[PDB]
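In structure tokens, one chain follows: the form solved without its partner chain.
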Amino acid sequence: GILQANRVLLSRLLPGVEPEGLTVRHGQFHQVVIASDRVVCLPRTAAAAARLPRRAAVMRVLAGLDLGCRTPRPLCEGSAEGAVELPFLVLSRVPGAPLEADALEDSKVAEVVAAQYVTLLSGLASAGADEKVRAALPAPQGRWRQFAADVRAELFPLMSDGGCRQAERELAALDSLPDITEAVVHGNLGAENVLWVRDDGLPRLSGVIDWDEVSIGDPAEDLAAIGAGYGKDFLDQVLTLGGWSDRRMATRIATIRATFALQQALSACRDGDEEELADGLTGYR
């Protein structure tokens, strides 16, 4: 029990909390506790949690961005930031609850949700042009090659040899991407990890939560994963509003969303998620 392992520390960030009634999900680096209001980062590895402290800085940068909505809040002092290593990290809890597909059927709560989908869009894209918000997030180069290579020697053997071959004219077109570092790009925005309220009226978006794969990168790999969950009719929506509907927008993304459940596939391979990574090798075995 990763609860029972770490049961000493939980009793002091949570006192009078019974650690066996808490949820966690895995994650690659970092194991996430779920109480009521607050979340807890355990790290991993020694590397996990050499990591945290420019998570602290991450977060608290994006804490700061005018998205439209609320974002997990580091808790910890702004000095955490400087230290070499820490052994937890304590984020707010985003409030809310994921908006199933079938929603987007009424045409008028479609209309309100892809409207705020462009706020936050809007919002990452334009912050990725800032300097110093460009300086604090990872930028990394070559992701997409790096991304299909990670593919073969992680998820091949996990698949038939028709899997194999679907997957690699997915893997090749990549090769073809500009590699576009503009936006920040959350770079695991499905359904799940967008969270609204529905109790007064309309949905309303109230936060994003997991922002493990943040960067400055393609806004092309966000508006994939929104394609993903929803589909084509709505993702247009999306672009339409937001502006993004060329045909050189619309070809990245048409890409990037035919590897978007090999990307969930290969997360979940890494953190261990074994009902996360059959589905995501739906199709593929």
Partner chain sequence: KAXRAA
The other form holds:
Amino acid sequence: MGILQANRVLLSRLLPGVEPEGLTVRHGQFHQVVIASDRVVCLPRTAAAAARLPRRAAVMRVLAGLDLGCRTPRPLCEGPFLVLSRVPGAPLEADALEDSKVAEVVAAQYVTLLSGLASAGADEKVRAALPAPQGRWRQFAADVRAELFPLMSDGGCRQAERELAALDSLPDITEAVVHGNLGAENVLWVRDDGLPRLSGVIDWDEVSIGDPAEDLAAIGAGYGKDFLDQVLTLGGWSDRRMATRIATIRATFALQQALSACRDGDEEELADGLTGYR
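I have the form solved without its partner chain already, so could you send the form deposited with its partner chain bound?
Only one chain is given; partner chains and other molecules are left out.
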């Protein structure tokens, strides 16, 4: 009764002398994550997530070796559990981008990150370690129709059906390492020491080999089109066929949220997600 007390044997080993009741537990979908001052401990809730935990550690070790221009959670220990280093710094509010030199600097750092992700996609240690699913967008569309259309109005279903149609048109690219959920909260910064400096990136649960348009769409979602355009132009990705891929994938974000909220039993996320479609 209380995850901390329940796992106290392991925590005394992994964090000797650390009071368990002083820690913190984020409650994930697959994992309970115990937060310590410089590291976290991933405990698999289900026996599905415990079966994949060895795979996940291999992925994190691949990420930790890559040149991304920043930090990633490094596997410190695995045994079942995975201990990861905590990336320092905090998310940057969209507010800070109003200062144009700050915007310039942050855009530049995003470019380095995406470049390194793109470059890493050509590797083999990466390609053979990381998920690389076929037609993930077709499977997604099948899931939306099955699980979400019944929650939707006729106009909603029509609008969503256009969005899923657009997905068929996407090339099934596996060029780059794709974070998969590269929102503002997942990118951490050092602030109050001159202009913001990228510390690192977290929440790699969705990481795969795929299309970087996905990471770009996420940035645009978190910070708006102006800032995304600044990144697109700095990185030389402001072409038409990229823009199309971005827009198509960006339009699945509310539906992705709903689909996961549907499976979660998280009704607030489901309502928020379905706001357009009913």
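Positions refer to the first chain, counted from 1. The term rigid core refers to the maximal set of C-alpha atoms that superpose within 1.5 Å between the two forms.
Taking 2 Å as the criterion, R152 counts as shifted between these two forms: its C-alpha moves by at least this amount when the rigid core is aligned. A displacement of less than 2 angstroms separates the C-alpha positions of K108 between these two forms, with the rigid core held in common. The Cα shift for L121 between these two forms, taken after rigid core superposition, is smaller than 2 angstroms.
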